[PDB]
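Shown next, in structure tokens, is the structure this report addresses.
Up next, chain A:
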Amino acid sequence: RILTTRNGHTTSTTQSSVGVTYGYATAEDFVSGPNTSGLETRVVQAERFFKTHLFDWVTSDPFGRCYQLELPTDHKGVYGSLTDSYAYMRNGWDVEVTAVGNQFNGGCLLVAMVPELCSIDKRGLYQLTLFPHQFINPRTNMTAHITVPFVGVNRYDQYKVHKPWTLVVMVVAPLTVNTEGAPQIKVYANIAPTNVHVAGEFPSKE
Partner candidate 1 sequence: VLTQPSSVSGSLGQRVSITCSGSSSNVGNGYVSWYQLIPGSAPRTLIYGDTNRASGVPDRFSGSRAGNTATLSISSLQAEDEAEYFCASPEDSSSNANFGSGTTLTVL
Partner candidate 2 sequence: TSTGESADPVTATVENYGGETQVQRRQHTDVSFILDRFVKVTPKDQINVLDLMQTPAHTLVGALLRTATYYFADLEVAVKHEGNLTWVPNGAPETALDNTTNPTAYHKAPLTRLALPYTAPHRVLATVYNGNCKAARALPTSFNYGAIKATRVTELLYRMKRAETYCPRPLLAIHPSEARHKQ
């Protein structure tokens, strides 16, 4: 049950996997309406994965603590340029979390791709699983491959003020090491835009 995804020119194979999940939709919705006069231009050189570092899951991390990351995460190379060139960009995300495990450690770490959170009061945390999610048990799959299409209050948005998707990681079960398991695995996200679109061009910096 290995699963070898691929976007652009950046293949990311897995040896353990559970299967792709989906969120809120399978195929992204229409792209051009009255919002932009076809001034939309697709982009096909900006869909390559980019790593990122969330946190350091450790045996003293009690239930509840969640380190949330908000996309697009101000990319430095491709998709960092689409960012300062065009005022409006719309994308759907492909995000895979890879917590390395020794296979003798069970934490039941959970990821979600919740849209537009602010202040879960520790009461909604128990129900957080409502959004798309795959939670990884190192008894099983070391990764989780969510995918979400761009949901928002407009056709297109400005990613300088209104960041729609925030990755959420929650430790349901504190890590449990025994000499056989990693004393503390780190978690990292291959967050990868897909089906990008842009419209309208800023002037140069000078």
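Following the convention adopted for this analysis, a residue touches a chain if its C-beta (ideal position, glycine included) is under 8 Å from a C-beta of that chain, and two chains touch if they have at least 3 such contacts; residues count from 1.
The set was built so that all candidates are chains of the complex that A comes from, given by their letters.
Novice: Contact as defined above, complex as supplied: which of the candidates 1 or 2 touches chain A?
Specialist: The single touching candidate among 1 or 2 is 2.
Novice: In their shared complex, at which residues does chain A touch candidate 2?
Specialist: Touch residues, chain A against candidate 2: 18-19, 21, 24, 70, 114-118, 120-121, 123-124, 127-137, 140-141, 151, 153-155, 161-164, 166.
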